[PDB]
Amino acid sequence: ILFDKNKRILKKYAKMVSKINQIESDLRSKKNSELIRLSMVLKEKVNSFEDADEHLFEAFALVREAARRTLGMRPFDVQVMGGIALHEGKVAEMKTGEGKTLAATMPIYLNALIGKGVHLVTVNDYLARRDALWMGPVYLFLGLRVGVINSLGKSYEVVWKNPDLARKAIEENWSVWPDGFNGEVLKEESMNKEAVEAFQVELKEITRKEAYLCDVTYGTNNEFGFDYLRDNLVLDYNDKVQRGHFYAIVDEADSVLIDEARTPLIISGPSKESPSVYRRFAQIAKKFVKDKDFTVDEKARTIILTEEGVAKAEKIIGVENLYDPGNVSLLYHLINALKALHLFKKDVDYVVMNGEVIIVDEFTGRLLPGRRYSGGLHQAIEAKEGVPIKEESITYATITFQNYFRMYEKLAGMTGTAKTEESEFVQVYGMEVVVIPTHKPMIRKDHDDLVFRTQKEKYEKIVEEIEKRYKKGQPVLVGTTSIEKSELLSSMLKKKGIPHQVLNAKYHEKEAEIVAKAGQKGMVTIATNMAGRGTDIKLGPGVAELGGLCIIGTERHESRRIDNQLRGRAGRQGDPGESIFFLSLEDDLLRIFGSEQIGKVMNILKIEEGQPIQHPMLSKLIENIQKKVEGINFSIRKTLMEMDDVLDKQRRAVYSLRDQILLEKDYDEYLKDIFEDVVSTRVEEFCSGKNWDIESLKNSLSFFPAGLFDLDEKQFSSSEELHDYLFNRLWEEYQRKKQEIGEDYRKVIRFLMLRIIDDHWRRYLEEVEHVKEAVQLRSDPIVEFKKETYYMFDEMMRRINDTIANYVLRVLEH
């Protein structure tokens, strides 16, 4: 960093806004018909990022006009500035209440013209619907289709409430905003009510695919990521719903890209297996005779059913062929139960303390309570031990939000709180942060921090402060970091007789309705973890006079971003307001750094028991403490990211393979490769160089059915002759099965391949998660984790290929 980047950039944005301001005169004279015709022309002229830059001024001024006429809202110059930052793939830092929702319409429109889709990401289903409907008239007016995706499979399109009336309003030159009103903001009285009615919108349901084929798609960070994961769980390539990752704008950018991104996105579902089927197979397993019905490979830790074993299995269960596609779960259950019984031993690999099965960690020799074996093996052991079988979700797929959002050709974000952790946006996502000036002077009184010796006196004083403000009539919004802390404060206020509401960040539409009233005289609101996030809190009558909304932070976070989010809920659009952060020496933050030092100063200065210390220099120290904790946490999380990214490259390889399988008509070439890999790895291992261990080779191939290889009385002239024999037998039997089964064999094979690969990938994820924890607790861990994953991944592929080879030869046999 060799210069003041932010100033440099704004200098350019100011000139651009000036040019956009100049265009306004012209467009404002236009009729709605002409503006739509201009939209059509821009459509034809913009087919790439290069074209968009050429027509940005026109596009931005056009959206501003559409918004004025359909919403009665004219984007302020600073919203236009934020829109440019977004178009340039940066994070626009616009404070709370600056109108980010409307600022994004401009780059969304411009880039949507390219015709490849645009994703507007926000943080919950309520906000995605809200912003799509709120901004909808602008997009529809200009001829764009707007999709919305929500959880539970709900997909919508924004459409006019009355298309005929909307059509009339457009063809006739209607505007919510009357001609000759040259203000920045429209008084409510001045709104043309017929235009407001005409330009109303609503949601109609559409398919998820269609939501992605709209020109802009509104959704949540979860739903966009889930759709990509589900696209890689499909059984037919044509069932994928996304169409690339072209441009995404992430609203609440730090919440999504840093905070929510601390944990991976995971797709899971109910196992739908009765515990009774596990106990049944525990019983079935006991009837199997070792070295007659099966053999145990103690090195590979595997169970292999013999001919007589699968015959016994089929008779007991009872099916015609244990390896038929509909029987995959039954085979799985039998192997699990035999494995639990013969490869897992009580007081060695696990223990049964008090009705529960507990791992004996092989990495430390210590117990890992509550943590479970992969792939339902835990249930099998529980069933083996006759203890309660605990329910499990099935994890189908995973990706980090970092890796999801890095797929986009262009990425942008907007939030009020980004600059303090700009290097995270730069290093992780390649986006710098542009601090956009506020529309109005920011006059919120951000008081110096109060630090108490204990949490007990802190909370007592928090309640005293609330009582004081309530009696004055000045509304208070109190932020906490946990539902626990909220309900404790609520109890204390209830004892003082102070009416109030508690918002716990669970019911987003209802909490939005409630928090919208938080700025009215006498209101007291406790909001857990920014409950009601994104809803504007307007000040009620008489409130500005009392000093506006008073924000109380009941502690400070490890990231000042999150503190700044809370304080930003007051003082919006130049309103008066206040914030106060309360801390104690017993708080999490100060227990990390500073409790001791600050405690010494309090005693030196003879701060009274129950009283706080407060000083600009203390506020600075606290801010510096947060800088330090942020820097350390960022370092640690980046190490975790590096490990996730190793696993992500493997994921991309597996998904790529999966897609090719879905796209393949004929599996001849793939099975040649598989059979080659199955034979060659074993021939090189036992029969290359000096070695000639046909016995081990034979055992290594023992998972295959009898009747495939006869290695006992053959005398091969070379490893090549041996290789060719083994390959040819596999190939001959594959070709025979094509003839016996007919052309549906290909579909069967595709089904088995997908299942085998998905199953191995699911269980591999569960195991590398263990290694991830193991390496990061033996605390560079990147190198060690890399090599360990390689080994496991390599073995996974060995096992996938053997399993496919074996399954395709056994399936549908008579």
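Only the largest set of C-alpha atoms that superpose within 1.5 Å between the two forms is called the rigid core. Residue numbers count along the first chain shown, from 1. Compared with the form deposited in another entry:
The residue among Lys45, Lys31, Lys747, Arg37 whose Cα moves by 2 angstroms or more between these two forms, once the core is superposed, is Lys747. After superposing the rigid core, the C-alpha of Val768 moves by 2 Å or more between these two forms. In the core-superposed comparison between these two forms, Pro264 has its Cα shifted by less than 2 Å.
After superposition on the rigid core, the Cα atom of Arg798 is displaced by 2 Å or more between these two forms.
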Contents of the next structure:
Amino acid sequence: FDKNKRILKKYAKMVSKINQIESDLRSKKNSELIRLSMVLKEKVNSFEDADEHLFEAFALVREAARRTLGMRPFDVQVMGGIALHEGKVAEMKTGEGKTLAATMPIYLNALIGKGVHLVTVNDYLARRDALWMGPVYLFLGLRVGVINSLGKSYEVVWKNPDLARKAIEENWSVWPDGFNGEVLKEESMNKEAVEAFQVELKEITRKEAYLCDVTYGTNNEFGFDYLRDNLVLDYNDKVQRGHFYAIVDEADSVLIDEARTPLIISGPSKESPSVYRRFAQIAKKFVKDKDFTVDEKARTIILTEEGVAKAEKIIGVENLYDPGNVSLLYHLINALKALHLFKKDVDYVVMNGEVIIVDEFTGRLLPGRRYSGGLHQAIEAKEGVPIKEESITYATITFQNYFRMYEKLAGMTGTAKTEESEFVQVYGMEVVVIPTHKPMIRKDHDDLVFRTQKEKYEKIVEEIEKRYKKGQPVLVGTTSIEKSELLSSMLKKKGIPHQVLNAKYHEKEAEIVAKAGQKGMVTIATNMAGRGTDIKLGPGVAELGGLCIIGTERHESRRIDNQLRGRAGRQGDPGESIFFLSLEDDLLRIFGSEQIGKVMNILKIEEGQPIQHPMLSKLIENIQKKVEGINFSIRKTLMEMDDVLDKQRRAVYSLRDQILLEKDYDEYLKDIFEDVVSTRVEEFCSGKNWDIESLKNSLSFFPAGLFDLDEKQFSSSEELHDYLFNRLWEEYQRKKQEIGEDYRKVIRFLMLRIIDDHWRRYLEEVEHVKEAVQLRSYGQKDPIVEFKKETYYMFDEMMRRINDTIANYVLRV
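Which structure goes with the form deposited in another entry, now that we have seen the form deposited in one PDB entry?
There are no partners or other molecules in what follows, just the one chain.
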């Protein structure tokens, strides 16, 4: 059946019922309305409870909006609101009222007391939307938070707290009593009340911005907060309170487009080359097999008791294995290993002062990149010259995997339907195409395809001239600054005044509004500049045919084109739209230039002119649609792999969180201590095996001696396990005794260190394998199976190394 019809049919009924309420509430006094919000706040405490009072809630919001901003939400805006509350992507054409529309569901689900996240694309839109919708929220007793870069969090407050109360106390409104239109007039609204409900920004802390009933921010910042939140050493330095309900504004932009590059926290090379080189020779003095042992089984180097001492005396620090000197320790291992374990031409080469190697000879030209963990820098230090800046990665996550954390996800755009597949396969969200408020009368012309770019751009500038002379305003869309700068040359060599836009949003939206709509105004916008800022038509301009959209080229995704296009018709406004193409454009270059090119020659054309026909326009659509196909498939494979990683990341973070919150590590240590002994017992001394020389060889990292193994009188493997563990756990207790109660903290710190360390090194390593599988999977274990299985082995090793590193640190300190 038709989902969009059934769903919509239901919404209609609902919106209808919300209308009957209005007559009950429009009569109420400002204090009565606030009292109702209070009753609702205590009545609505879960999702079940939210749908119960959704009628009352949505209606109340409407009124507060009619009295607070002068805007009375349209039926459609109430429709979209519901589609948000239901965890779907409400497709509402641009200039429809999404901002306001979102206010109703936001308010409703915000009464649960777990917070509500509104994500946009940038700072402006985050800050702007807040201040713009703030009064309504404040009026109903909600605290509105806002999160921007760099270290910026604010709280929308009344501009004149005293003045707002007069307006509530007394029954002030912006919308005069008795007006019964769908739209108030800027000319006729009680300025006494507009000025009363003015809102401004108040600098607050990050943590607090989230403790607000709702939180407005950028997709970037919400995610960054989460990653940072997993770099803490105190569960109290977190600035988030879980992930409850998030409405993603500009869904297609955040959840698909901005979402293809994974969110990263990159830093700079911590240590200096001076120290590497200083360790490059500190490492030439450690006598192999005395101060340490290498068992590249392969492949690690592990010190002995003579080596910990040399270094300690040498460095010289009281304790090598202590919380402060781990950097030192760590540095020593890289330098000690580099030349004692990578040799020379096995398989790296120093040619031209650059080290490069292997890869089993496909060939050694992996330049390709440097080794993980700062080992590479250690090699150059060894070879003589010279060390290069490295960039460490502390945390990563993709947007898909992030917004997936939220209990209820929701989004809204004017461009969602064409990509329903994606919202459903990635975020599990349906698209509900909300009808427009007023009829949509914008004339979308068939595309103009030219032979050559020169001809494309030359005939584009004729259009600008031709429409400018007429008085009709023009918004020209480009895809690079390069292309925007070029147009600007052309335009001014024929003396045509105009505005160019790219990326400083607070300012650009400022003119985008006055500029596109106002008579005889030309504006060039790069990459959807002035996004989200509504363009109102100027006086006399509607008769001219309204704003005229020019696409300098079609994008690889019809979405992006419909984003520029939707900018013109508006609320049944008149507007025009045309896309220029050339057989040399990338999209065309990618597909059908020649198939088109020939039809061009065959027909009476081409004169230096363009070919235009519905069937061609339609052809471009299919071709452009097919180019999206191949992308999404490609992209989805990457996604699957990203997910495979994400699952590990969760386990780690979830653990990190527990370590953060555990005051007693008695049980956790037992789990580590046992896994330390169990694995070494089950492989060396079990089934057909009873090799001990090798057992204590593997456990040699610990301080000799818990090494009282040579008095061997083991009857069975269970005795050995239980025993090995004993001397381990006894030591732990013997050590709980002296450090006293400051020990829980010391451990905690060490655990986080080790786990972060290994996590960051793991990720670096994993990347190589990601690419390894990607390129070499052909032809072809579904790349995921290779990756899932290979990534597994690696993670399993990481857990082993973490345990040994943890078990070993708590005992030596």
